Amino acid sequence: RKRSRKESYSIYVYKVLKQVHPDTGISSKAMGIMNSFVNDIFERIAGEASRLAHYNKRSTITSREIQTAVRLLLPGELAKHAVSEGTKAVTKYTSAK
Amino acid sequence: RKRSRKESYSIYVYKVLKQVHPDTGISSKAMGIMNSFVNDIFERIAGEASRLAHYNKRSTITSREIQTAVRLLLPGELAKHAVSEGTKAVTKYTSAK
Amino acid sequence: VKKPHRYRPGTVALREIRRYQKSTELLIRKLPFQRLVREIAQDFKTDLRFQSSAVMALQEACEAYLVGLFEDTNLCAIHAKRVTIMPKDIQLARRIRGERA
Amino acid sequence: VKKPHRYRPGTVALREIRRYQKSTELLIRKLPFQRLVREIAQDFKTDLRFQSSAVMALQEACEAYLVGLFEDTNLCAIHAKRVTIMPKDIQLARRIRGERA
Amino acid sequence: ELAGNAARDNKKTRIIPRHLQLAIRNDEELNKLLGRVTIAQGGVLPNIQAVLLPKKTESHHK
Amino acid sequence: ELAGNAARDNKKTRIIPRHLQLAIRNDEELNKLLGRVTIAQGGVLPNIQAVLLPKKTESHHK
Amino acid sequence: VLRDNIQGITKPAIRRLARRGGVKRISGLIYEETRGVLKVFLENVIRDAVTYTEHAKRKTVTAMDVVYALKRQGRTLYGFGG
Amino acid sequence: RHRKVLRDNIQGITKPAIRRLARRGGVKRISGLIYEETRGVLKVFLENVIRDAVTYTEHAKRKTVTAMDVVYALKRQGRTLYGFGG
DNA sequence: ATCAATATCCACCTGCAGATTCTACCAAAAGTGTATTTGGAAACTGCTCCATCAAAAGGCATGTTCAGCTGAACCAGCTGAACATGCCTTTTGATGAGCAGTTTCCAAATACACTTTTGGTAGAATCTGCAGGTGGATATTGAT
DNA sequence: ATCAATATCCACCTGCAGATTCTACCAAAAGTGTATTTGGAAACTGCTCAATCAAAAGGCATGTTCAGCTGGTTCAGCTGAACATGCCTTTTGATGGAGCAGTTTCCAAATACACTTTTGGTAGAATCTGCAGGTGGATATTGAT
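Protein sequence lines correspond, in order, to chains F, U, D, A, V, L, E and G.
With the numbering used here, letter number 59 in the first sequence gets 59, and the count goes up by one each step, no holes.
In the numbering used here, each number is its position in the second sequence, counted from 1, plus 1000.
In the numbering used here, each number is its position in the third sequence, counted from 1, plus 2000.
In the numbering used here, each number is its position in the fourth sequence, counted from 1, plus 3000.
In the numbering used here, each number is its position in the fifth sequence, counted from 1, plus 4000.
In the numbering used here, each number is its position in the sixth sequence, counted from 1, plus 5000.
In the numbering used here, each number is its position in the seventh sequence, counted from 1, plus 6000.
In the numbering used here, each number is its position in the eighth sequence, counted from 1, plus 7000.
Read the hints as simulated data drawn from the structure, not as lab findings.
One or more of the hints may lead you astray.
Looking from chain F toward chain E, a few residues come up when the C-beta cut is under 10 Å (computed) [what the hints assert, rightly or not]:
hint : residue
1    : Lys29
2    : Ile33
3    : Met34
4    : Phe37
Virtual Cβ for every residue (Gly too), placed ideally from N, Cα, C.
Kindly generate the complete structure, drawing on both the sequences and the hints.
The structure is reproduced here in structure tokens:
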């Protein structure tokens, strides 16, 4: 009866997939791939944010630091569109409390 | 009259240098090089130890973790000798409290 | 028909290229690779056991690494007005990447 | 003596090799490098200023990078039974390192 | 998105890893991000250098 | 220690960066550790590939 | 008879791999060198893997050890967890 | 008059300087087309690093680029630099 | 082969730019003592892993045969090093604000204790796309 | 161009390993409130950055030579892809049955935290000496008649 609990990002990926291509599925292996991808990017960005904070003797990680790290790691237009999405999300979250 | 305080590893490097080659000096630039080198190795090892800890769901960094990271990062005989010195250091410290 | 049908040298190689590039299945057999890993790991620590998926992961890593290596090697070969790869090509590529050994 | 003394092609290059390898001073002049950095920085953000040591650090990094690149270039050149480096060699080396552009 | 596009190109309705590798290597920016990353069961892109093929003069020659 | 040995080889009593670079690249293991590191004012080792040096037949040839 | 077991990495499989890499024609001497190169890579990885293995005081090698050891050599791998 | 010194740009990185640099790498004989390509290569390298440096600079609300920013920007590209702090 | 040219090594000399040594003093490190984790020993279980058997079976070891490849002599021509020159860039020293770097302080930002939901997840119960199969239309290849 | 032999690609079918959906439920998220800390807008100040002109030092754009490097041609080997054959290492598939991964308890060891008391590391003022530079003389490496 003993049982564990392993979390993943699977279900959210599935939602996104149905949003973008309703009549389409995806196998388990690719879902695992996406899981690994997400974890890797998360780790890079957080690590870089941490390093930026520590270099400027600030002990808080804010949205600014994430935005900067994104502009550092990703190239060009991808960064611009992503930053725009993030800014939009912050602007929506902060208003509709 | 206002005055800051920047720490380094200079004085200790000077001590070691006088231990290994009494009739020899060292310039400021090279001491800076050694300072940056020490900082780099410190950062690598601590980060690697952290990653090992986080992967095994242990919240404490111990001597064991440092030893492991050393074996991972450095190659061969350098690892063995350094590990020897570390173990000797712990054995001396733990006894003569 | 009298004589056996015979393709010229190189064509079947190209056939192999397209066929294997279209697909994805692993090319090396499992069991020898298991025996290789087991031997080498035994020489570091004894009586170790291996999960299957670890072996598969090493297999993927090895094949991807080798593929990349052969790619750079082939480029090096073409650079010398040759089409045949040789050991010095592999040494050259590996020496440039820093994978010294 | 009538005719000017004249070294054969290659010797003075070798002399330059030994002389510059024995020393360590920077080979590129400060000011043009300063102007280059200033121009490129101006195109990203305006009216920036630069400490001198930052320029020095960029100078060191650039020269070390170029030295390494010419080294790999020369190896690729030797691989093709030549002695003259050419652009395709540089392209080969950079393509193999992954410094694509 | 890129995966689904390749999927429709190969007349398959379900995404498999092959499609992901095809997507990544065909977009310059993603390839830059993941230039030193290996996708399992991914393979590589079809690519033969032009020089090592045979010459197009493979036809009537008389 | 390696730096001071190189120092005694060049008859200088004080360690300068050049010596550190010489020590690092001449030990295989340290070179492995710092294979992708640049030492300021360090330069490189003296090394010319054998092939581009002239032939030793530079002497009496009659 | 077994043959140091590196010979399990046979000629035709290597030929197939080179085919995936765009290779059309292969010399006879490649095989030995390739084998050696392969060995080196494996060794490094497994060493690191076993090191992670030794740290947990486990006796069973897990995928995660391999993934980490791969990550630290700059050949990050996707598709087997983490 | 038209000077704009040779382009008011990278072309101030003169030929014999590149020659000296190639000499450091042990090279003996260089072709005439190398120079321009090397310049382009250099620019790309600098571009990336400077971009990152400026970005670090932008995070601290400064208008002066410090050495530390250059160091870190170089470190992220796997070309860590020693001797200027960090 | 040996002689001049020129580059470079090596012995010797001097004053100064960092190298080295000597104060105060304060942020930093050790000591008590306590509060608070926390990681290893012990006890269990079920998942996963390891040594065997057997029936193919696709793949591997070996042996021919020949068409394309790899080098090795040879030579045109080109293209890039050596060197001189004048000239042009670069260097280096004349004794104002801007910005990196602190110090205050508090309004905003956010950690922590506890309760209330609730979305995510293991496992059972359906779906179905696609791996196999079969059959026939071209598409390459290759000799003539 | 024109004709035989296999290889690749389309069309049509079918059942199942994997995909998707439906439950139950329990470890996270959100709310609320309260305790704690922090980032950023003002007050200062002392190092550093911005760039001109004049005088001088050193290097570069150019233009003249000419040695030897590239690169195309041709040719004598040679060796590595195709393909036949026979046998044999591997696939698959099944079964057992030991051992280890992972849970759950728990408590003796270990360590964070709040003070208090020493102390050595570091800014800054006095000495110093190794080495940059410079002078001069002896050997080494190029290269020609």
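**Message:** Tell me the numbers of any earlier hints that the structure contravenes, in ascending order.
**Reply:** The structure conflicts with no hint, since it agrees with every one listed earlier.
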